[PDB]
Amino acid sequence: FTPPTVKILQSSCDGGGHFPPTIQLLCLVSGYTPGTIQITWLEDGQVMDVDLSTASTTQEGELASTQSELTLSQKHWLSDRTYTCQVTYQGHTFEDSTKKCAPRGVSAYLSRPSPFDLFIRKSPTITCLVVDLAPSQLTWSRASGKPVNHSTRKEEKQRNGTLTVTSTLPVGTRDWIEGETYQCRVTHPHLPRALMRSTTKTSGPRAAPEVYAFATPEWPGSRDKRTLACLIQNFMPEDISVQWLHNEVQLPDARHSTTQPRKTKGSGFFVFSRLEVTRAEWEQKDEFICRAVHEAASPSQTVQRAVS
Amino acid sequence: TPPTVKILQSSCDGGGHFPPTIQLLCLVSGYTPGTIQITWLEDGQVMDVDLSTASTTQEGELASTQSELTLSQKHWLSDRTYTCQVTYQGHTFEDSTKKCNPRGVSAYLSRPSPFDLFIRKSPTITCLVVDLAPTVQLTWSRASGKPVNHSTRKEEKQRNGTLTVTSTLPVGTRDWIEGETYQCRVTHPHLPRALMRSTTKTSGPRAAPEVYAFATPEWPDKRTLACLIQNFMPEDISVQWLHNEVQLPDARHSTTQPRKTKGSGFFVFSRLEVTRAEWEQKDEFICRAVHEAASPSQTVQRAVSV
Amino acid sequence: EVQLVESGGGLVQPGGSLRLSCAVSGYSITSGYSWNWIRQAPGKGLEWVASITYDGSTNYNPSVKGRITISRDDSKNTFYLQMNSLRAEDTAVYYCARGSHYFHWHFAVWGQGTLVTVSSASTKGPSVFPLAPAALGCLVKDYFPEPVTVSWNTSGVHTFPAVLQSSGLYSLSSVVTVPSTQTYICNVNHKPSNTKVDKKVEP
Amino acid sequence: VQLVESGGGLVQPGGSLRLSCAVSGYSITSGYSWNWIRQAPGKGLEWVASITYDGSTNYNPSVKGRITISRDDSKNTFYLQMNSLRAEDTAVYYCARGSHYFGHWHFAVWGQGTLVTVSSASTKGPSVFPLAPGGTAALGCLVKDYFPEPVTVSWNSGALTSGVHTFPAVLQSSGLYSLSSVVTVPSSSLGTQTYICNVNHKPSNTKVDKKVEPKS
Amino acid sequence: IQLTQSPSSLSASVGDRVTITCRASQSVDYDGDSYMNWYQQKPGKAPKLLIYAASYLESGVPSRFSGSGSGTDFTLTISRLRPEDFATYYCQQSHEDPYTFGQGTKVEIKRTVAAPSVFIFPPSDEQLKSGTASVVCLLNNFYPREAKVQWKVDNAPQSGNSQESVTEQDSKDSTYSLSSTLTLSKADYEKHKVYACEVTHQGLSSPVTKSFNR
Amino acid sequence: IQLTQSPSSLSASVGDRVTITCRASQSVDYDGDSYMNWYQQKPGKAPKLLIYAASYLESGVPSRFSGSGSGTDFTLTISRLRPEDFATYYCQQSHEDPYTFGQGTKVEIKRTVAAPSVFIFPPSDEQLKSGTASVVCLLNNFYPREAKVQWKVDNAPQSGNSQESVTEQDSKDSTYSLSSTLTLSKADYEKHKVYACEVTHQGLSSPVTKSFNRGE
Ligand SMILES: *[C@@H]1O[C@H](CO)[C@@H](O[C@@H]2O[C@H](CO)[C@@H](O[C@@H]3O[C@H](CO[C@H]4O[C@H](CO)[C@@H](O)[C@H](O)[C@@H]4O)[C@@H](O)[C@H](O[C@H]4O[C@H](CO)[C@@H](O)[C@H](O)[C@@H]4O)[C@@H]3O)[C@H](O)[C@H]2NC(C)=O)[C@H](O)[C@H]1NC(C)=O
Ligand SMILES: *[C@@H]1O[C@H](CO)[C@@H](O[C@@H]2O[C@H](CO)[C@@H](O[C@@H]3O[C@H](CO[C@H]4O[C@H](CO)[C@@H](O)[C@H](O)[C@@H]4O)[C@@H](O)[C@H](O[C@H]4O[C@H](CO)[C@@H](O)[C@H](O)[C@@H]4O)[C@@H]3O)[C@H](O)[C@H]2NC(C)=O)[C@H](O)[C@H]1NC(C)=O
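Chains as they are written, first to last, in the authors' numbering: chain A, 229 to 253, 253A, 254 to 329, 333 to 366, 371 to 542; chain B, 230 to 253, 253A, 254 to 328, 332 to 365, 369 to 454, 458 to 543; chain I, 1 to 103, 105 to 134, 144 to 163, 168 to 194, 199 to 221; chain H, 2 to 134, 141 to 223; chain M, 2 to 215; chain L, 2 to 217.
Think of the hints as simulated: they come from the structure by calculation, not from any bench.
Even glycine gets a Cβ: it sits at the ideal position worked out from N, Cα and C.
Do not take every clue at face value.
[Stated by the list, open to error] Derived list of chain I stretches under chain M, where covered just means 3 residues or more per stretch with a C-beta under 8 Å from a C-beta of chain M:
| id | region |
| --- | --- |
| 1 | 18–24 |
| 2 | 34–47 |
| 3 | 68–78 |
| 4 | 171–179 |
Construct the entire structure; sequences and hints are all you get.
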């Protein structure tokens, strides 16, 4: 045998979130061995008018179904009343209630190792950022069970009445290169089922980038300043770092500008680097190295090209 | 017999709470048994049936096909426009729905692109209205007092229940240079009000754009060209590629939006891939920048050969 | 930037003609905006009288219609207003105004303006009698018509409006405070009677 | 990476069996988990053994005490030696690898699975007999009177795969297993194409190739 | 079309809310757009435009101003009053030619009360021979403007012979200025020895007068 | 830690939705998460990992699979039903020891009825010298499994001395194949001439039988 089950559905809205002029609720009594059944509707506990609801019983095979539809106006449905559908099955009554749909949303971002931290610096770090927490324990994990280097948990509340928890986990050099996977989970007193943020190596293949460096000609009225444009394209995936070098010393990131990686016409991504130089720099040494750090480059994940 | 589309959803809790997963049902009423295609659309994008269930029932002569979509509690709170698209016998039947109040109606006046201004010889200002609720006649105005050229009106309804108005007015080139100001207002049957947005030539000093064309070296039937347009104020600019005395399509070359330089002015890069049969017909590819500060004809260009 | 200055005032006999002038600098008129005159009576409100568009289309006001006319000149980059049969109501201060279109207009840039006196009285000059004293000043008694500019050598000074004496002449006073070795000189310039008076005040 | 088992067969009751698992692609000493999972014939699955990269082991309560598991770093292979074999100990052993998750593991990679049958009956090789025959014809081979399982069957050294139906073996009245394997081919290809079934019984080292030609 | 401004004049403390009403006789709007403007007329210069369409602000106009209304009733609201924005403001419709203006609303700035300082100076030696004797009782830096100066010629009440002149709010001391000019004949100036004007004002507890001997 | 699934065997139409419930006697919600795994064991192959922690899908698994539940009760949901999913499904828990698998759920597919294919195979001359005789009756690609096969040697009904076997559903068309084997003594074959095999199935409105004579 099989006892019946009860479910309630409401009418849908439009693209603008507008309720229809007549709101309709449905009470499903599906999947039950044929037997005596009677549906009764309630409004905050009171039995509604019998002429407002219609009940149709359909029998299919060994199970039975019973449908009950109720048409209400928008003013009555917007009253936030508790409408209970009480269906009786041979003495066993099942109930279910509904009401008009009346906080803040949690989010989390887990950054990936930057090419500078993994190959040039040699101290790769990931950042598990969790935002929009109600101000009132972080739990890291690894996929291979290897010894997890501990992280610094920086818990700081935000200005919008929320809380942010920054967790920077140091990882190994060879581990991320060989495709290690890490996961991040935070626990809060008001959490029944926590969420998970898992970072790993990119699913796509690898392709070394091609670096071309050009020097803009002297523009009329700008004899003491040149612009250096560097094109780096056809590299997969898009995670790449760019830096410039003059006189064997690396320039800060504020002196150059790099665009976001965008797809090429076929396969790979392309970026553009723009460095502004003065006449004292190229007369000191007319050589500027446009260096690109990518996981697919080799041997030391580095590809460069100079321009005069 | 055409089918009837109807959308339902899971009922909320008696205390005004949302269930953990909001499910949307798309009922199709009685119709002549035939090819029915229930495609679920989220903001106009196609969903895969590997997430929505399809069930067909045929009783006597009428058919009843229903599709149920499983959604999380967070996605229903995104106020995205969900759509159950049903196609039968050729003609389509679409029913849209969204999460569920007063809210303001906004609009923006679009500046005419220098491509329409200096190159296409048809500079067009665009008064676009968004988030409107049901004649809707649009009217333009000039500050100098001269009558406006009649603009084409175009109404367009969206899936989010909004209605948009597209007004394209051919303006004069000399007026935009001298500093003409255009305005826009709409009389709507819904609200007794009429808003206004205004556009004009961007104020502030002007810097002429610097055009630089380069070519990647030949390495062992395809070459990649680059163009750097930098140090121009304001950021209003249009980038095109000329080849064989014919303007190349915009979808052929990749061009970035204007971004501020390290100092004063903006900079734009452009990437174009040419085939071997192109520079054999004419080994001359021109990167032309269309900016209001350029001289003499608001045009500065450079040629490059491979 | 673009500014407007008016000219063409002074004592006018009743029932005569008044030719007003306002020079336009910075923009043209044929391809420009709307141009009009706005007058205000001594101590009263403002009343629009005459207007002209960029193409030359004119529109006037019925209160002084038939006795006024506004014209323009393409070479002088200016326009002119001509009035006749001036009655005592037509005695006012004429301002130069430029408007901007809205679907309905509104005047954005204005002119300095000029004052025109229409009466049968003669042009009396400002008899300057100094006032010995701390504060000092120069008295301006019995002059016609208006206005009168009283310069000094400005800080802590107050120039009073001229009293309308029964004789049809006006009398004003001017004061300024000084701390209790320097000589103060007042400069009274009269526009209609072209009289400039330098007066030194001694204790 | 792939996990391949080796060392199955027939073992007398209470004896000692050594099951190996040679991994390929990943060094067994680089940090991972390696487990053994068995499945009773016709019943559910059950875990028994586990070993980590550093050497930590664990044993299920139902089989602890009868099991010895160790690793070998030189060959990237770990073994499972087990004594005191019982009648209810016969199961298909799968060499699997788990992944870490806050101290909880789940088997990601699964081996090919080897069947170990613990019994007192002796080994018996199969006898192979052909099955000779509308518009579609049918032909097959017979694998009769053998013990124990399993048997691998192919056709034309793997050239014929479409329409192959290898029926599961049945326990005959004599206590031995019997198995039929047939394949449906168009009737036009009877006198043109040659059909040969490949039979291999690893527990008895028996490899037989019998040809099937129509009878007329 | 005629406009009735409300009120005709007002005063308020520094940093208050300024509200001006203007009643239109007929509907000056069309298609929903409010067709009416507002201006600022400060003394000693030319008027300056504030906003148009009764709400839309122009560039170079202070953001502290705000306009509201539609049809026949319009309202002009200032966020806070600055000590350098005193002027008279007018409403003006543009639905039908000719254009008309309102009655005018004078906005006065308020401060602290100060007593008047009066100095009296007789007509000079060159004015007595001119047949007209002009005596001026000048008061400076007083507040409020509501004040009265009584002329006393030989301790006798003088009525109808006083010409009072008033100045507006100063840009340096933020006060007012009044000048009491008495026009007497040359024969009347000789028939008196002691002259005096009693300046009555709120900043003075008792009416303070100034006297001089001819 | 006893685990149970439901139901055991079900027949669903192509493209429907499937619901499986892994009921546990142990609440596994710990550290703010649930630890429960799902697996798919294709017939006769290694089990395939589907869901870990009862919520997250395995990298590379199609989106038709969707898991739900927490604590003691869990629910599995199939979006669209493809024939590629014919297998038995088990749920494994890694929360506490001992690690236990479910009972399994043999999910077979309902579809349109397919006509069976009947074939008869005489015992080869080699088997006759071996002292045993086996006539083979074959059923090929049909639905459903419910069928009756009756043996008839020289028009005499046979029973008790026959053995039948069925295959698993195909990954392409989800059909069945049946093989019926006759077991007789050598003298019984040499004494009878006409051999036939009759089968009963709902796919054909009339049963079909094929016959032959030995040594012909
Ligand atoms: C209360 O207020 C706080 C403070 O604003 C809010 O917290 C912010 O939340 C936003 C979004 O929720 C966060 O923005 C995210 O920042 C990430 C940081 O990434 C860094 O590293 C990458 C490496 O490539 C850099 O490129 C990047 O510039 C950063 O330096 C971004 O990675 C995120 O990007 C993702 O979304 C964008 C959306 O456009 C996509 O384009 C991306 O591809 C990517 O998918 C994202 O931008 C922000 O960092 C938070 N700030 C802080 C201080 O924590 C709270 O959300 C707010 N709460 C409420 C309830 O309103
Ligand atoms: C219901 O759905 C409709 C869809 O039709 C929505 O309407 C869209 O509203 C957005 C508002 O953000 C419009 O985006 C705006 O476009 C303006 C014009 O840009 C033109 O040119 C670009 C290319 O240069 C085209 O890609 C674009 O389509 C237009 O043709 C921009 O000028 C606007 O920028 C202004 O707002 C942004 C807001 O982030 C600021 O950052 C800017 O500085 C600037 O102030 C803006 O980007 C979009 O164009 C509308 N759709 C269409 C088809 O035009 C409704 O909003 C939506 N309603 C609801 C309630 O959901």
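- Item | Violated hints, by number in ascending order, as checked against the structure | 1 and 3
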